[PDB]
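Chemist: Letter by letter, the chains look like this.
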Amino acid sequence: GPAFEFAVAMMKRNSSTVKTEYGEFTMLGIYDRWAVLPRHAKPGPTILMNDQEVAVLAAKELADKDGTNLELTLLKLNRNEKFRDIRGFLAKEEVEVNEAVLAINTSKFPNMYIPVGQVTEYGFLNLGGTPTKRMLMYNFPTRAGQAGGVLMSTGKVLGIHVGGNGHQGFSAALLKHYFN
Amino acid sequence: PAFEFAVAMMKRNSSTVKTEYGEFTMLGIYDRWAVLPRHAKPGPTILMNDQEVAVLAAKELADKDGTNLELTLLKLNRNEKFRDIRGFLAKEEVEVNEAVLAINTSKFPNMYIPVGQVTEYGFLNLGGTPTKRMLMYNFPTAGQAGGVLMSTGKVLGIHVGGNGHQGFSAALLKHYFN
RNA sequence: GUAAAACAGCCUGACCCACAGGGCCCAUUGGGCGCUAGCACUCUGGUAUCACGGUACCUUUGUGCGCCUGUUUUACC
Numbered sequence: 001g002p003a004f005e006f007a008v009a010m011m012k013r014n015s016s017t018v019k020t021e022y023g024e025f026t027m028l029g030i031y032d033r034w035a036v037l038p039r040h041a042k043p044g045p046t047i048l049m050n051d052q053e054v055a056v057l058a059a060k061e062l063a064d065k066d067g068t069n070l071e072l073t074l075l076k077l078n079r080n081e082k083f084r085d086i087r088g089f090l091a092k093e094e095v096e097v098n099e100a101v102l103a104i105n106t107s108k109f110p111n112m113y114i115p116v117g118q119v120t121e122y123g124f125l126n127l128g129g130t131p132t133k134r135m136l137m138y139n140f141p142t143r144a145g146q147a148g149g150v151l152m153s154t155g156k157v158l159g160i161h162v163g164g165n166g167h168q169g170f171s172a173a174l175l176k177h178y179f180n
Numbered sequence: 002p003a004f005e006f007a008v009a010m011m012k013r014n015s016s017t018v019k020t021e022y023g024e025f026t027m028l029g030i031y032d033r034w035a036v037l038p039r040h041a042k043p044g045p046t047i048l049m050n051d052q053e054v055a056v057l058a059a060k061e062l063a064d065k066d067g068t069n070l071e072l073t074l075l076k077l078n079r080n081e082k083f084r085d086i087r088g089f090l091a092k093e094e095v096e097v098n099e100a101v102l103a104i105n106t107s108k109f110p111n112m113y114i115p116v117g118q119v120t121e122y123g124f125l126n127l128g129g130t131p132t133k134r135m136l137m138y139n140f141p142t144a145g146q147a148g149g150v151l152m153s154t155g156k157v158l159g160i161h162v163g164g165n166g167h168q169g170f171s172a173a174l175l176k177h178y179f180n
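Residue numbers (the deposited numbering), protein chains in the order written: chain A, 1 to 180; chain B, 2 to 142, 144 to 180.
Accuracy of the hints is not assured; some may be wrong.
Straight-line distance between alpha carbons at most 25 Å, and here's what the computed DSS-like set of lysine-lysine pairs gives [stated by the list, open to error]: (1) B:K108 - A:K12; (2) B:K60 - B:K42; (3) A:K19 - B:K12; (4) B:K19 - A:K12; (5) A:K12 - B:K82; (6) A:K12 - B:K76; (7) B:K133 - B:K60; (8) B:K19 - A:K108; (9) A:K108 - B:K108; (10) B:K12 - A:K156.
Please keep in mind that the hints were generated in silico from the structure rather than gathered at the bench.
Whole structure, please, built from the sequences with the hints as guidance.
Modeler: Structure, rendered in structure tokens:
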């Protein structure tokens with residue numbers, strides 16, 4: 001459909017595979033030389049992006065104003081190629097949709113576009129012991145290595161998958177103000 | 002970098018294709034026109050990147066004397082036009098000191114291979130058939147039929163066979179398209 | 001002959017000047033220019049299609065990297 005036609009373009013032009021000490025993660029690039037990974041990635045001073053060594057110029061583990069974990073890392077990479085500016089495509093506040101697709105790009109999960117269904121705001125969650133805010137939840141079995149997955153609806157990036165359990169999957173929301 | 006241009010080329014013009022005879026890298030040259038190793042011999046539909054597409058033509062390529070070029074040219078029913086890489090095809094065959102063979106298939110996902118010097122080669126008895134315009138590089142090679151053999155600013159040809167440490171690509175001449 | 005590094009750039013009377021004229025391209029009376037080597041985003045329009053949210057190619061503009069010639073500097077064949 002058009003959600004699939006959006007997601008495929010999205011991963012083709014803005015997604016990447018990234019390797020850190022903890023494993024393989026889909027990574028999404030937002031604008032200029034700036035991109036987003038799970039807080040859990042714990043990106044080093046170098047990351048293998050598409051098996052290629054790239055230097056990290058900066059890394060913010062993202063947190064709200066009262067200081068609890070948002071589960072996103074924003075990193076600025078030292079590279080000459082700039083990203084397609086998708087800032088028009090991510091929401092101002094968390095976004096509910098009846099239908100979304102999660103796009104995963106790892107050796108494990110090559111070119112994976114996965115229909116999640118309804119995405120609903122969720123807010124607070126004690127995610128493996130950590131109090132984390134602004135989650136979204138969709139209804140699907142999630143496995144390992146989809147952390148980093150891109151939650152999408154036509155013309156809208158809704159969040160980045162950061163964890164799940166059994167029959168529920170959770171994405172950190174992706175807000176406009178985090179950039180610019 | 003042959004590497005940086007070849008990744009560009011494979012993101013914007015390459016694809017993975019399934020036909021009744023196997024899985025092949027496919028490259029699209031312009032609009033809805035793309036080229037395949039003649040061996041696949043597309044049916045009325047083919048799976049392109051796992052989405053089934055209708056094929057409106059499939060010309061098996063041959064010189065004026067009628068000899069086999071090992072290339073099928075097919076027109077796909079899709080609204081998207083391919084990036085016009087015709088400016089990268091030489092008018093006729095090109096030798097190149099260092100070249101890369103680029104594959105996009107499930108077996109060989111995102112493969113980039115420095116083959117080295119490529120030399121004109123011409124005639125070849127390809128499994129019992131005489132074939133013209135082969136190009137030869139020295140690299141060990144099956145299931146890569148379809149790979150895109152190229153260098154920076156030059157797409158030169160499509161791999162169609164090999165043996166041991168020798169690999170041959172049907173040349174890609176500018177005049178073949180329109 | 002090969003490797004790092006700096007200045008410059010359409011041509012016409014190594015640099016910086018100065019004038020004058022010859023040429024191409026523009027989003028023009030105002031400006032840009034080495035590309036047989038490109039890659040990336042970006043901007044003006046277009047063409048097509050779509051669940052009207054997009055997406056694909058065409059073209060154009062910048063900038064980053066990459067590259068090519070003139071000239072030259074250190075350490076080496």
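Chemist: Each hint needs a verdict: does it hold in this structure or not?
Modeler: Outcome of the hint check:
For the given pair, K108 of chain B sits about 20 Å from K12 of chain A by alpha-carbon distance, which is consistent with the 25 Å threshold. As the CA atoms of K60 of chain B and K42 of chain B are separated by approximately 10 Å, the hinted pair is consistent with the 25 Å bound. For a cut-off of 25 Å, the pair hint linking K19 of chain A to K12 of chain B stands: about 21 Å separates their Cα positions. Between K19 of chain B and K12 of chain A the CA atoms are separated by roughly 20 Å; this keeps the pair inside 25 Å, and the hint holds.
For the given pair, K12 of chain A sits about 16 Å from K82 of chain B by alpha-carbon distance, which is consistent with the 25 Å threshold. With a C-alpha separation of about 23 Å, the suggested pair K12 of chain A and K76 of chain B falls inside the 25 Å cut-off, and the hint holds. A C-alpha spacing of about 16 Å is found between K133 of chain B and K60 of chain B, which places the hinted pair at or below 25 Å, so the restraint holds. A threshold of 25 Å between alpha carbons decides the hint, and for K19 of chain B with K108 of chain A the separation of about 21 Å falls inside it, so the pair holds.
For the proposed pair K108 of chain A and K108 of chain B, the alpha carbon gap of about 13 Å is at most 25 Å, so the pair holds. With a CA separation close to 23 Å, the supplied pair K12 of chain B and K156 of chain A stays within the 25 Å bound.
When each numbered hint is compared with the structure, no violation occurs for any of them.
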